[PDB]
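Listed below, chain by chain, are the residues.
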Amino acid sequence: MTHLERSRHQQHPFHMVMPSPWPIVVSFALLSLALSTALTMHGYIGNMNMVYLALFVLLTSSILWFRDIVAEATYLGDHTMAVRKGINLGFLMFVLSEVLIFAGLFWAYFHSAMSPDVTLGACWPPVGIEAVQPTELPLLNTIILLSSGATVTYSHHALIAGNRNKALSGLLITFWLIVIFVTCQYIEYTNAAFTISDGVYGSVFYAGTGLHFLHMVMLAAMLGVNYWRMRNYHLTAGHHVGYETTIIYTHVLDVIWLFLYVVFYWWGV
Amino acid sequence: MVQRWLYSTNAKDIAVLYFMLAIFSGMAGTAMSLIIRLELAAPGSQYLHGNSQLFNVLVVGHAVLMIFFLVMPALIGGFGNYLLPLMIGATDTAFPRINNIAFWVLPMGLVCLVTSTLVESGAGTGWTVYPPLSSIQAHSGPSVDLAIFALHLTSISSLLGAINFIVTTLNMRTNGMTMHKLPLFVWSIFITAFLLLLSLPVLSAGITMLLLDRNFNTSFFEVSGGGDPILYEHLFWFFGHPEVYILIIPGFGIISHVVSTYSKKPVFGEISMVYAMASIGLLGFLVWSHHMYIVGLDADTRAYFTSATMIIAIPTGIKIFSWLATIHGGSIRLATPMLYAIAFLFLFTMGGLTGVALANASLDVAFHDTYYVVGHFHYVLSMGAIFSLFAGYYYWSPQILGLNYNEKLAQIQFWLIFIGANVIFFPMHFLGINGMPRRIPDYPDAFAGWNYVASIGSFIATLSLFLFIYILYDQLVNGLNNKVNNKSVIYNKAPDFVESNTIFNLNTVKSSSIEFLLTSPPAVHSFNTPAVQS
Amino acid sequence: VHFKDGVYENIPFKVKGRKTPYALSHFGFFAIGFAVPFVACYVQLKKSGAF
Amino acid sequence: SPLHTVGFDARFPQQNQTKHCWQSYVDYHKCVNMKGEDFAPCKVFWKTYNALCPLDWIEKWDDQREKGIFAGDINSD
Amino acid sequence: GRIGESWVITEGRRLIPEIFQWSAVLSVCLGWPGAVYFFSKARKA
Amino acid sequence: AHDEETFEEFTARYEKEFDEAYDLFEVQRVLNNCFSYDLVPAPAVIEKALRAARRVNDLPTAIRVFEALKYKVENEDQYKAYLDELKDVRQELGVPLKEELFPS
Amino acid sequence: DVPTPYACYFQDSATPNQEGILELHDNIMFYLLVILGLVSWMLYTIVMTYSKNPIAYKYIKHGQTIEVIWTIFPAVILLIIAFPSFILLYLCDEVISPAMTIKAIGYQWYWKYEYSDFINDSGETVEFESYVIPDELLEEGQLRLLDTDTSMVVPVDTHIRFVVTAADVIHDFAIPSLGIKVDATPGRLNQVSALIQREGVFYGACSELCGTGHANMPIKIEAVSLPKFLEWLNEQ
Amino acid sequence: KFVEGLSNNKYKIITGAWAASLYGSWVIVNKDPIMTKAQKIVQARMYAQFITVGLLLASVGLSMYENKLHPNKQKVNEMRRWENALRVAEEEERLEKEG
Amino acid sequence: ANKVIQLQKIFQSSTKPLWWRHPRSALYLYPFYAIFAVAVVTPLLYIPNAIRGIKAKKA
Ligand code: HEA
Ligand code: HEA
Ligand code: CUA
Ligand SMILES: [Cu+2]
Ligand SMILES: [Mg+2]
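These protein sequences, in sequence, are chains c, a, h, j, l, f, b, m and g.
Here the entry's author numbering is used: the first residue of the first sequence is 1, the next is one more, and so on.
Here the entry's author numbering is used: the first residue of the second sequence is 1, the next is one more, and so on.
Here the entry's author numbering is used: the first residue of the third sequence is 28, the next is one more, and so on.
Here the entry's author numbering is used: the first residue of the fourth sequence is 7, the next is one more, and so on.
Here the entry's author numbering is used: the first residue of the fifth sequence is 22, the next is one more, and so on.
Here the entry's author numbering is used: the first residue of the sixth sequence is 43, the next is one more, and so on.
Here the entry's author numbering is used: the first residue of the seventh sequence is 16, the next is one more, and so on.
Here the entry's author numbering is used: the first residue of the eighth sequence is 107, the next is one more, and so on.
Here the entry's author numbering is used: the first residue of the ninth sequence is 2, the next is one more, and so on.
Treat the hints loosely; a few may be bogus.
[To be verified] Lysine-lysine pairs mimicking DSS-like chemistry, simulated, CA-CA at most 30 Å apart:
hint: 1; chain 1: a; residue 1: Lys408; chain 2: a; residue 2: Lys487
hint: 2; chain 1: f; residue 1: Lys90; chain 2: f; residue 2: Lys122
hint: 3; chain 1: f; residue 1: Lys58; chain 2: f; residue 2: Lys140
hint: 4; chain 1: a; residue 1: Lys487; chain 2: h; residue 2: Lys74
hint: 5; chain 1: b; residue 1: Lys73; chain 2: j; residue 2: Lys49
hint: 6; chain 1: j; residue 1: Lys25; chain 2: b; residue 2: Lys127
hint: 7; chain 1: b; residue 1: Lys67; chain 2: a; residue 2: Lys487
hint: 8; chain 1: f; residue 1: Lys112; chain 2: b; residue 2: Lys73
hint: 9; chain 1: c; residue 1: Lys85; chain 2: g; residue 2: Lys4
hint: 10; chain 1: b; residue 1: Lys127; chain 2: f; residue 2: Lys140
hint: 11; chain 1: a; residue 1: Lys493; chain 2: a; residue 2: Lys408
hint: 12; chain 1: b; residue 1: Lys76; chain 2: f; residue 2: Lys58
hint: 13; chain 1: a; residue 1: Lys510; chain 2: f; residue 2: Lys112
hint: 14; chain 1: f; residue 1: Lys90; chain 2: b; residue 2: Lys127
hint: 15; chain 1: a; residue 1: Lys483; chain 2: h; residue 2: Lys46
hint: 16; chain 1: b; residue 1: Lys127; chain 2: a; residue 2: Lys493
hint: 17; chain 1: m; residue 1: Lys107; chain 2: j; residue 2: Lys25
[Unchecked claim] Here are the computed distance ranges between Cβ atoms for each label pair:
hint: 18; chain 1: a; residue 1: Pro495; chain 2: l; residue 2: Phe41; range: 51 to 61 Å
hint: 19; chain 1: b; residue 1: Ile84; chain 2: f; residue 2: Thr48; range: 18 to 28 Å
hint: 20; chain 1: b; residue 1: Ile87; chain 2: a; residue 2: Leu282; range: 33 to 43 Å
hint: 21; chain 1: a; residue 1: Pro266; chain 2: c; residue 2: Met218; range: 41 to 51 Å
hint: 22; chain 1: a; residue 1: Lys408; chain 2: b; residue 2: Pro69; range: 45 to 55 Å
hint: 23; chain 1: f; residue 1: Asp45; chain 2: m; residue 2: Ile157; range: 30 to 40 Å
hint: 24; chain 1: m; residue 1: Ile157; chain 2: c; residue 2: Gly128; range: 50 to 60 Å
hint: 25; chain 1: c; residue 1: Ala161; chain 2: g; residue 2: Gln9; range: 45 to 55 Å
hint: 26; chain 1: f; residue 1: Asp45; chain 2: b; residue 2: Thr64; range: 45 to 55 Å
hint: 27; chain 1: a; residue 1: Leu282; chain 2: f; residue 2: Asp45; range: 28 to 38 Å
hint: 28; chain 1: b; residue 1: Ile87; chain 2: c; residue 2: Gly128; range: 16 to 26 Å
hint: 29; chain 1: b; residue 1: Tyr74; chain 2: h; residue 2: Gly55; range: 46 to 56 Å
hint: 30; chain 1: b; residue 1: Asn42; chain 2: a; residue 2: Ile490; range: 48 to 58 Å
hint: 31; chain 1: c; residue 1: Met218; chain 2: m; residue 2: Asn114; range: 46 to 56 Å
[Said to hold, decoys possible] Non-contacting residues of chain f with respect to chain a, defined by C-beta distances greater than 12 Å in every case (computed):
hint: 32; residue: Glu50
hint: 33; residue: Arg55
hint: 34; residue: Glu59
hint: 35; residue: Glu109
hint: 36; residue: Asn117
hint: 37; residue: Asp126
hint: 38; residue: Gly136
No wet-lab data here; the hints were simulated from the structure.
Ideal Cβ positions, reconstructed from N, Cα and C, are used throughout, including at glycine.
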């Protein structure tokens, strides 16, 4: 084509982002959250009202940031294939950083488990603490993640194919499947013989399973956002990077749950 | 101007702000080093009368402020943010709001670290903030919680910068940059950004375990209750050695570039040098417990770690040998960043030799938590990372800032910091092998001489930084007059021998990376079009 | 909008056209930077002993 | 002239000895509760824990044994 | 080389004065603790 | 070519590289690339360099050949036994040295 | 034993372990000073003969012969350095057949020593808390900040293995003269051995951070002959 | 009678079979040269974890297949260690008395 | 409900910044500005009460 209407464009595929006020606001909110939760843990302020509003302003600033990124990604239309591969590799490295936090928690469990202290009775699990048996409720909420992975992968491969009634049905039932997982996980927490303070076993057990618990409620929020922008026709057939992102996230969450489940419920009892 | 400095998703105007917080926090940290070494100058309770808790607060402030708010910003954040898009031809970095939030969550870690040293006398543990010294029984208050929330925020900043750097040099390279054609500082920032996201997750997990067994009644390291404090030493030093390899690898990149461009020679075997640097990176995880030879490990695992830290020692050796090889046979133009590059080699080889004296698990029983260790790391961290930082500033800031500095003041600043910092940390070795422990307010008055000599040196090392501040001022208000009126050096690469002056004015800059071809202060959209390479 | 470029439009300090001298801001920045540990020492020495 | 002590056990040759004291204490309370209530050559265990682990640990474990909240139970009926 | 003063002599002349000044700069870059000990009262000054 | 260069391949490659230059930048460039190698070049190279500096018609690069060579050589006996081999080219080309031009 | 002003060497020998540590450090420094001398000599020769060099050999960028020799030379020197440290590390844990045992349990800003090998024929274990003399009640010749009112006293010429622990913050039992340094973490007992070869006093300090009273926490070990130690243990 | 030695290492065989299962599923699914790398990896991971948690119950049936052959464990190995701890005391103090 | 091209035709053709360009984006940012200013200025009046050491009045 003409040079005159070729030099009226970006001249390189990469993103040039206009100056946006959502690093500074969410950093302000992160500072206020850190100081208020360092200040209310010692009885300096009266209630948890202020750490509540600090967590809430962090949540609503970050959801306004994600509003800005979905508007820029599908309305202004800048996410070409180079930027798509960039944000894909960035999410891969972020999740590689999350699984190392999980590896640090597993290091804590292994170090205090396979060399048990003389104050635990020199046996893992310790004396008196009735450990959770792995075959009742752990079996349901370890088969429900495999069923969730199967239905989210056929919803993905129906989104690439072209049918809407299947690619929406898979996403709806994987959302309700993992929220049923989260609710029965809370059911498992609210009747268990040990608390987070009862020894080191309850401490590292609840640390690992609670971090996975918070990770899948964040996954459920991500999948609710993805179902909303799948219903409102944002997701295309070949430009769904914000959905490939969350299916990569839920499959690696499934495999880190099975690692956590095996060595937290079978070997550790 | 509010949208150019507060929102500002452009990787050139974030690095200047990184550098501003870097010089601010480095001034605060060296004020703390001056106060520490001013109180340790003589036995008996000096300037701060009694009050050892205040000295513990001052030494943890000096250590953690000058590590996580001067060296890591002014090497990773500032220099990577300004130069990593500007060497591989990206217009600027990928994920721009991510390295804006990294900068903007730095100084709130700084302000909560500052206000942690005021409430309920204060967090005194040292920068390796240990249990049960920091648990709620032996240390009550909201001080160390803010002191480790600062580490949470700095940890988040450095990881976001790491993901930013990794993707912006794995995808947005220019037309001809292959997988091995990048300049070596790009490779250093590459490997450092890998070690960040491979290391500091373990750190943040361990220190949030410390926080929720302080305040949330859990029992990770509270020992009467099941836990053990050795698990924190493992979970901390698994980051604690990759942290200083993170702090020193861009120093190796900066020194490689300045000795390449001030000796008119390419670096001797750049491919073997980057293989050595990458193996140093992937090997620096396997030696994390050379800081724990005393606590009660077996002799077998101590034998493994004292075997593996010497194979850590060898590729740094072949890097220093390649540096001697690439300054050999050159045409060395002794300007002020080349002086820092020459001093870095000697003053880091000295610290590395005393480091491999420390690395023997046999020999670490006579030297642990002892001023020999301070003499080692205040060589290889201080002189290493900050002589590379000075050889970064005095070499790059005429191109970035666009104002040429004064030259004779830069050389008296180099010789003052060189003399006045070699006189501090050299008596620390004699204090170490004579038997002085670390973190004491002061000491049994036998070894009363070397502390006085180190304290008379720290004032020289502070006066040289005051002269560096005046160098910044004289650069900022007399830049064009130092261009014109013959006080500076203008061409960093001299004309060759048989080349005329009328022929040097044709090809002015004989670079090998992009950065010295952009005009002084460069355009906000420098690479409109891509920068081709064969 | 591409912000316009120069020799003094790359830094947050305004240097040439001011009302006060530049040495005031440039040395007050490092004055407060060098005096934050001194005010930490003062607030810690009035809380325990004397000074 | 004599200054004899526990020597060198082959089971625990490492630098740590906390399992060595805890096992010697629990096996003293496993000898003198089971085979015969007190007459024995299992004064070796008594010599070993009273030589090795400190008085605060012995007092804490004996009050835990009295209250019945002992960690590794000593086969008591 | 082949014709000229020999390479042993023409590089010994270049390097033999360099060894003494190397020894001087190393004896004053590592030997100043001796000079500061020499004047103190520990050497019965 | 990272394989080594023998002396005959060196002098033939550089004679065919001094013959082809036409500007002044080319003569000074190939002169710098000839002198910044490890060996000192035989006078078959440098009399051709003098002719190639004569073709562009400028003098001081036909003097800095001689001063760069005096910096190159290992003593002055090699320099004198060198300079009496380029005597008549220096005569009929009329270039000076440094020590007789700037007496100091 | 005790530190000396303006000293630049070890507090001298008492134990075979400290003699081995001194010999090993001198061997390591002897292997290190060649490398330091040639590195400083290379740097000096380069920066004082190539600064007055007008041309640069820019066509020297690799050579495999000298590259592999300077990467195989530090491996050789590090093998020769690591060859005796394995011998010292594997012999300094050899605690076969000690004579008597000590417990050295360290509280907040003091130590508490206790002997319980049952030759004290009053019957009991013997303990003493070992506070520092505060630095105004010093009386005309007493070393500042590392003296003690109630010293630990050990015999000569018997292997003694002492365990160490704490009841709080991680301390360290550290004497540089006897070559003994071991972190007293509150959870586990850690044992180290000794064979003191001469009578006299030995001083040390806590070498882990304890909080406010880290400096006011010394170790004083007088080593006396065996009949005087038997008399002291029976009398005390 | 082999159940003793290769049911002592349950959680070695399960983990090695998981790694080999992901490898033998990945080399099967990657031979289909039409899909993305990510879809192949997540399908191989799903097949692997399904066969692994299916084997985790086979080892439970095998675990009580071992438990009838060795009743009420963790408590009678402790007393074998206790018999070896009492013999080492009696053997030692009898020679302390007559040595 | 297939309202993406109308939103694209609106979002390309304006001068206002991106977080103010939507029609209903007045209900999302004014109460956010209010609650954010409140929520971040409010611990900086409780920090001198913590420096002075005076705790809360609870129970
Ligand atoms: C970043 C690393 C770093 C650096 C550079 C220093 C440098 C100094 N430190 Fe140290 N220090 C530590 C990190 C560092 N330190 C750590 C981790 C500990 C251990 C704490 C513990 O374990 O408890 C410690 C402990 C420590 C001790 C031992 C005390 C003890 O534990 O018993 C002392 C005593 O002298 C001390 C004081 C000083 C002084 C006077 C300097 C002087 O050198 C300061 C002068 C430095 C400069 C003048 C550099 C230039 C400054 C700039 C701002 C340049 C700006 C340029 C750019 C931005 C390009 N600090
Ligand atoms: C910047 C980060 C950094 C770097 C690069 C290093 C470099 C090294 N360090 Fe250091 N070190 C620290 C950070 C660092 N250190 C810190 C923060 C502490 C105190 C922690 C605390 O609070 O306790 C410490 C203290 C410390 C300890 C802990 C001792 C103790 O506390 O008990 C050990 C243990 O092995 C050690 C060894 C080494 C070795 C072998 C190297 C090597 O990497 C050096 C490599 C360089 C060379 C080897 C010289 C150049 C090579 C040649 C000239 C070739 C010839 C050489 C040989 C053949 C050997 N140093
Ligand atoms: Cu006990 Cu320091
Ligand atoms: Cu390390
Ligand atoms: Mg330590």
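Outcome of the hint check:
1. Simply put, a:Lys408 and a:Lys487 have alpha-carbon atoms about 8 Å apart, close enough for the 30 Å limit, and the pair holds.
2. Only pairs whose Cα atoms come within 30 Å are accepted, and f:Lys90 paired with f:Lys122 is accepted, the gap being roughly 19 Å.
3. In summary, the hint linking f:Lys58 to f:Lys140 is supported, as the alpha carbons are separated by about 28 Å, within the 30 Å threshold.
4. Between a:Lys487 and h:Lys74 the CA atoms are separated by roughly 51 Å; this puts the pair beyond 30 Å, and the hint is violated.
5. Pair hint b:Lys73 plus j:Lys49 does not hold up; C-alpha atoms about 82 Å apart against a cutoff of 30 Å.
6. With a CA separation close to 22 Å, the supplied pair j:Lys25 and b:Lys127 stays within the 30 Å bound.
7. Between b:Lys67 and a:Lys487 the alpha-carbon distance is near 23 Å, which keeps this suggested pair within the 30 Å criterion.
8. Between f:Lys112 and b:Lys73 the alpha-carbon distance is near 19 Å, which keeps this suggested pair within the 30 Å criterion.
9. Between c:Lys85 and g:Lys4 the alpha-carbon distance is near 27 Å, which keeps this suggested pair within the 30 Å criterion.
10. Between the alpha carbons of b:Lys127 and f:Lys140 the distance comes to roughly 86 Å, so the proposed pair goes past 30 Å and is violated.
11. Between a:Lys493 and a:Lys408, the direct Cα distance comes to roughly 18 Å. Compliance with the 30 Å bound is thereby established for this hinted pair.
12. Annotation: proposed proximity of b:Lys76 to f:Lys58 holds, straight-line Cα distance about 25 Å (limit 30 Å).
13. Distance restraint check for a:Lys510 and f:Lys112: the Cα-Cα separation of roughly 26 Å lies within the 30 Å cut-off, and the hinted pair is therefore satisfied.
14. A hinted pair counts as satisfied when its Cα atoms are at most 30 Å apart, and f:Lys90 with b:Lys127 does not qualify at roughly 91 Å.
15. In summary, the hint linking a:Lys483 to h:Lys46 is supported, as the alpha carbons are separated by about 26 Å, within the 30 Å threshold.
16. Distance check on the hinted pair: b:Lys127 and a:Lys493 sit about 68 Å apart at the alpha-carbon level, beyond 30 Å; violated.
17. Straight-line distance between C-alpha atoms of m:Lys107 and j:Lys25 comes to about 34 Å, which puts the hinted pair past the 30 Å bound.
18. Between a:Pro495 and l:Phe41 the Cβ separation comes to about 35 Å, which falls outside the hinted range of 51 to 61 Å.
19. Judged by the Cβ atoms, the range 18 to 28 Å given for b:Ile84 and f:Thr48 holds: they are separated by roughly 25 Å.
20. b:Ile87 and a:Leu282 have their C-beta atoms about 21 Å apart, which leaves the hinted 33 to 43 Å range violated.
21. Separation of a:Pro266 from c:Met218 is about 49 Å and conforms to the stated range, judged on CB atoms against 41 to 51 Å.
22. At roughly 24 Å, the beta carbons of a:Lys408 and b:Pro69 sit outside the given window of 45 to 55 Å.
23. Taken as a hint, the range 30 to 40 Å is violated for the pair f:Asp45 and m:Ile157, whose Cβ atoms sit roughly 56 Å apart.
24. About 37 Å separates the C-beta atoms of m:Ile157 and c:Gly128, a value inconsistent with the hinted range of 50 to 60 Å.
25. Against the hinted window of 45 to 55 Å, the Cβ-Cβ separation of c:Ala161 and g:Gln9 comes to about 25 Å, which falls outside the hint.
26. The supplied range of 45 to 55 Å is broken by f:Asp45 and b:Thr64, whose beta-carbon atoms lie about 30 Å from each other.
27. A C-beta distance of roughly 33 Å is found between a:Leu282 and f:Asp45, which places it inside the suggested range of 28 to 38 Å.
28. The hint said 16 to 26 Å for the Cβ distance between b:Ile87 and c:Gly128, and at roughly 60 Å that hint is violated.
29. Taken as a hint, the range 46 to 56 Å holds for the pair b:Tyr74 and h:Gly55, whose Cβ atoms sit roughly 53 Å apart.
30. A C-beta distance of roughly 52 Å is found between b:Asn42 and a:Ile490, which places it inside the suggested range of 48 to 58 Å.
31. A C-beta distance of roughly 40 Å is found between c:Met218 and m:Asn114, which places it outside the suggested range of 46 to 56 Å.
32. Residue-level check passed: f:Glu50 sits 24 Å from the nearest beta carbon of chain a, beyond 12 Å.
33. Even its closest Cβ contact with chain a, about 19 Å, leaves f:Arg55 beyond 12 Å, as expected for a residue assigned away from the interface.
34. Distance to chain a confirms f:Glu59 as a non-interface residue, since its nearest Cβ pair spans about 15 Å, more than 12 Å.
35. Chain a draws f:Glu109 into its interface by the beta-carbon criterion, the shortest separation being 8 Å against a cut-off of 12 Å.
36. For f:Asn117, the shortest C-beta to C-beta distance to chain a comes to about 20 Å, beyond the 12 Å cut-off, and the non-interface label holds.
37. Its beta-carbon lying about 23 Å from the closest one in chain a, f:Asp126 satisfies the requirement of being farther than 12 Å from that chain.
38. Here f:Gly136 stays apart from chain a, with its beta-carbon at least about 19 Å from theirs, past the 12 Å limit.
The structure fails to meet hints 4, 5, 10, 14, 16, 17, 18, 20, 22, 23, 24, 25, 26, 28, 31 and 35 from the earlier list, while all remaining hints are met.
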